[PDB]
Amino acid sequence: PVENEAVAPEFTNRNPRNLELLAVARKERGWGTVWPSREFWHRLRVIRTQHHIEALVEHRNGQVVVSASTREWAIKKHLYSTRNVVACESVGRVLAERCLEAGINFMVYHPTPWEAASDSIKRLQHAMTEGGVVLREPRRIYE
Amino acid sequence: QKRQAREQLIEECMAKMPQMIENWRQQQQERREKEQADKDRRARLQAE
Amino acid sequence: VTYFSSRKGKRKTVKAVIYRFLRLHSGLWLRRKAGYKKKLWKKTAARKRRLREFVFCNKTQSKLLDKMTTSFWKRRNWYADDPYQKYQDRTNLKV
Amino acid sequence: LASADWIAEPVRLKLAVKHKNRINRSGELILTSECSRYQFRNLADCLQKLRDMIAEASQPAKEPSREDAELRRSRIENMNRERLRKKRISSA
Amino acid sequence: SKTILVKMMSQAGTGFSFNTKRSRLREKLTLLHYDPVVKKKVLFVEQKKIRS
Amino acid sequence: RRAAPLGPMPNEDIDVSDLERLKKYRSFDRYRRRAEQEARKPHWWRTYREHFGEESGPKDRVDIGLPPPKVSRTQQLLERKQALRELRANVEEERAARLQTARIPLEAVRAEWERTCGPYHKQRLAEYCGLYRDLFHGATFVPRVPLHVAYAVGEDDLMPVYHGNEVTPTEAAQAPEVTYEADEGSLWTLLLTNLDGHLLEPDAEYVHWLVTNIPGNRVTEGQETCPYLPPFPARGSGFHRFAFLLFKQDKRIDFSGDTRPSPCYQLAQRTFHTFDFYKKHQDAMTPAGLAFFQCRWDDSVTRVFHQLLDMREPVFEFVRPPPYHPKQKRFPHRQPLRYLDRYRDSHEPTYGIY
Amino acid sequence: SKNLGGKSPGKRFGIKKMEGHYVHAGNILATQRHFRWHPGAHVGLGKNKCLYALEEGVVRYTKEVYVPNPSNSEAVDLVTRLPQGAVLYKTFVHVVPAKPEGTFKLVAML
RNA sequence: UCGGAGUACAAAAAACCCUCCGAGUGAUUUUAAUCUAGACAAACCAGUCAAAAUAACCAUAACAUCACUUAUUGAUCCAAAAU
Ligand SMILES: [Mg+2]
Ligand SMILES: [Mg+2]
Ligand SMILES: [Mg+2]
Ligand SMILES: [Mg+2]
Ligand SMILES: [Mg+2]
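Chains as they are written, first to last, in the deposited numbering: chain BS, 38 to 180; chain Bv, 112 to 159; chain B8, 94 to 188; chain Bu, 104 to 195; chain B6, 13 to 64; chain Bb, 27 to 380; chain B0, 39 to 148.
Worth flagging that the hints you see were computed from the coordinates, not collected in a lab.
Among the clues, some could well be false.
In silico negatives: residues of chain Bb with every beta carbon more than 10 Å from chain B8 [unchecked claim]:
no.	residue
1	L103
2	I130
3	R356
4	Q361
5	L366
Derived DSBU-like pairs (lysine-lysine); straight-line CA-CA distance at most 35 Å [to be verified]:
no.	chain 1	residue 1	chain 2	residue 2
6	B0	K45	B6	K33
7	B8	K131	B0	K143
8	Bb	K50	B0	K87
Where is the CB? At the ideal position from N, CA and C, for every residue including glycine.
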């Protein structure tokens, strides 16, 4: 027969993002008694220090995937007062384009109740939404 | 005939359902507003 | 239980067992959970569902009910549109 | 599908467009039945699927309604992909 | 502080009644419940009084 | 019985007595920062990371790549402080900042990011996507030189291929254009490798486009060892990875064992191992560029399978393990009537002798 | 006499699955009256503080930091009253999944 | 009769006409569904949890909450409602 016709029916996909992108990967349900919830694939974390603002996307294992910080020279040289709301929206838009480049479209954001009412982080969420990255990571198929 | 009568009555009662819901909500809101106004005026007259 | 009747000399059966129990031909006995119609306003939805569900009997109760009933109630019945005809038999029992 | 002359040309075209996922490389449309233990019922299911496809391609009032539970993710992904594709530079 | 048991019938047309506890010193009760027959939020009103 | 602690206790440093004079935090987010800092330390007790695969914790990754560029720290700091001062001296920037109406040169920011710190983010994204683990299994490299890859999907429509992007096979049917800054004194090689999608060997990978002895930037002028083949991911298994590896070489590498014929439509011949390739030609080439994208099945993959590869399109599906059920009991006590349905082979009535 | 009602059966509030035990989905790992063991990865919490496995795997017990829900007023007050260097620790029960999510099997060549 | 603490110091169980607290329910609205894996406990009867899937609300929760929340409860048969 055809030399290429061999199939090896046990197909193995070694891509670590394969099931995450197919939305059939095993989300880490669980803790329930601590905060924030760890049921996700990629989580957005915003650290607002007294001098700089940094925004990360992290995997379930805690590894840093894509990060944008006002400590970076690229944003520092184009930005003034790296702590303020314009700095927050700047880093939000930069992280949005970086996530789009990296292939991440869905994240989860779990801020504190006082942080959700802040003026800067609402603008960061709006900047992500207008940049194309959407929160509310999709539900797992056959959860 | 029994099945058709049941379905017709169900449709008739479901057609007006949002109207009854809104009327009940308005009645409850008026009740709570009247209670709040009575309490506020009682407190105001007691203060003086 | 009347092991030897005074008229025919046969073995009698108690009617309470057949009135409140059902026997599948595989030997299992099916019953309703006690208290499934009592004070439903006082019970949680999960508890009400658990009471509504049908349940089986263990070996001791099954043997007791077999002793109380006669051989007419252990026969194979082919009813018209029987709800439990699919459950009359046991499959894939590895003992 | 090409040699099936018992249905019209537009119907054949519609089956070719829609059910190309289940069309063999030789052009043979293939229908699968696995539900019942009886080959009679299996063939009945195959014929019912064939009749349903024929009727769906024959009716002109097909609005092509699409589901939304699993299509929002695809829409978002296409949105974000053409957000990068929108670069306009001549090439080739 | 004695309560009362009242049977409420659905106003969605279909016959569906559920029993709930209410205070005696309250007016005729009217709430929003779920009717399995129509699978929608339906206004329920107190129809009968059963238990004290 | 009691056992002595096998190391320092967590809260044994601060003094229990005289809590009033001891400083306290009043901020939940501050406590959160402290707790997340503590949770990452290698404690001597059983932790979540140890059981859930910290990947052997720290690993001394072997670096096979170009040295980082040498810059003057003092001069760089002086220029950066000067730029910050000259920016802060402005008053229109202050007014824009206070009025919250100020925009950002996103293209510029991306340019300096890719110039100064892009390689490290790209390397960590390659680590997260598992490129190094499947290409060398023991080595990591930093993509020092940017590599811009783009497909042409029309007359004015260009699809960029960043790190981890998703590209349709229809968009990737044609060969792409690759650009990277390089002087006219060096030689480069470019390799497009399909990591996942080999039907037979799980540990092997496919070749798609191998060009060698590239003079500087003109890739079209350099000879192509392997003709371009469009991506052909299977219908069932989706989201395969395709990696563009760029190697900078000193000598003019010439080989005959890695050369492919003109058609090159045989999957047996298009079987590759990047580890073996780099072991064979490790002395000259050094990896300096990386560009990988995800790719799923579309309507053109069947055409690629049929016309080009001359085979039947394979179809897979994501099957799940059958539900677990305990051993069936002779007398299932207090079990629902549906207990017998959990061990039924088929929902059909079998009459054994009737 | 004067003391009445002291008789009541034990509620069997305890641990059901120890470390290393292979559990399936839905198995009750441990039941409790107050929060003694906290759920972690792939361990869900019932309404009666019981802990049940959500995935089939191996049960593990760990000591981990405790960051409470910011809406929990009592725990937030405790945290804000904690001293500078103090971090809370709790015993969490985890289920480490064993079987993969699924497999890619060939069905037909079209 | 039911629950909590000690007896019963660390998985479970464990008695006395042993030592002390309690319950035979209130307040409020979020009026809290169906179906089903797998489990706890248990002589039996009873009691408890619960993933996935379904129709309505954010298109991101629904386990009703509080009073130490744990106890606030009664089997068949038989009688009544409108089934
Ligand atoms: Mg410096
Ligand atoms: Mg006791
Ligand atoms: Mg006792
Ligand atoms: Mg047991
Ligand atoms: Mg659910």
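Point to revise | Which numbered hints fail | key: 3, 4, 5, 7
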